[PDB]
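Just one chain follows, in the form deposited in one PDB entry, and it is written as structure tokens.
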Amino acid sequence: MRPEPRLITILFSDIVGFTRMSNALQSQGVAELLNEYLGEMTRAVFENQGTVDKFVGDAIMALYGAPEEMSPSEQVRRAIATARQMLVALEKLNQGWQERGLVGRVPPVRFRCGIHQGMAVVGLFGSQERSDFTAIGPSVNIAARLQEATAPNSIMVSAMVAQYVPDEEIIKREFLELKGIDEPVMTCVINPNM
């Protein structure tokens, strides 16, 4: 648990359109919708041996390579599989929400995911009032920035991650100017299928 430097893969995912959709239901319905979604995301992370760092509203943060050790290649394979499984889950959820009148009659929820691999100080951070296991550093900052920079319903990863992805699966490449980073970052949108 004690914080230490380690090569890990960070995954950030978020949905946009949840608030708008929930705007019609009462508290109970809002909670049911969100729990439905968070449960699916958690399942996608656990099934691929990932660590659920935390939820941030309707955003999710997962780690691969901590606390349990994991090779860099397996971290990426698992992180990618999680992102693709999350998209499938959202496709299922959206189908249910549309047949429910929550979407279509309010557009379908959209998904964005960013994945980066790099060094990060990982372990328990906080105080006596509150301590949580997480990852800190530019690598984490970058993964979050990728998630916010990618287009609707897509997965964006860094070059460090893409090097383990079959070439034919990289749909689009583009250098992006990310906040706090001087050197433009080569990003790769990967095929959400396989």
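Throughout, rigid core stands for the largest set of C-alpha atoms superposing within 1.5 Å between the two forms. Residue numbers count along the first chain shown, from 1. Compared with the form deposited in another entry:
Superposed on the rigid core, the two forms differ between the two forms by 2 Å or more at the C-alpha of one listed residue only; from 52, 30, 165, 38 that residue is 30. Superposed on the core, the two forms barely differ at residue 185: its CA moves less than 2 Å between the two forms.
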Contents of the next structure:
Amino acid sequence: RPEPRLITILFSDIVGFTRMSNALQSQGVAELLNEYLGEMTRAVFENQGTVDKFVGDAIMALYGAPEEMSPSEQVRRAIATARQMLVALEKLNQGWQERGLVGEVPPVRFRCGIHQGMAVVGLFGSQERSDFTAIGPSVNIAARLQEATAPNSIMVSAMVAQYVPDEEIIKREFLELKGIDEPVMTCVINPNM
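Please supply the coordinates for the form deposited in another entry, as a counterpart to the form deposited in one PDB entry shown previously.
No partner chains or extra molecules come along with it, only the chain itself.
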């Protein structure tokens, strides 16, 4: 049965994928995407994370579920992952650049949002089709954060930022998010430790 517990959600999403989605065609789109994702999942698994699901060119990773994890660990790994994924993106662009797969098309950039809160975690769906995911306001914030941030940046919430030295806090500022009544305190963190 799905039950509530504290977890950290991370969303990674490629910017403007739809554009290059043309003039790159089938093979191009499949080959690039499959590779992009190969690295990103690698980044998640290495940081003890869990790949909840892919949503188009987006990734949804969890920390703290299904395997119990300490609040500090949850955020520390999630951030390590976000910083790691970025390092892969710069190199993949270096791999696709000398392949022509990039360039009437720019390199690939992603938006990342991280949050920590409660969520009803467990198997959702029917007895014919059910997947393991996290449901709840907390998830929506993680998603909304990722969407509100600038390309090639990591935007966490205050809940997350508290485990982050203010020195690594590039930009603090409230922001109204879609579907969230109370304005959230967002924190754009530094890509480097």
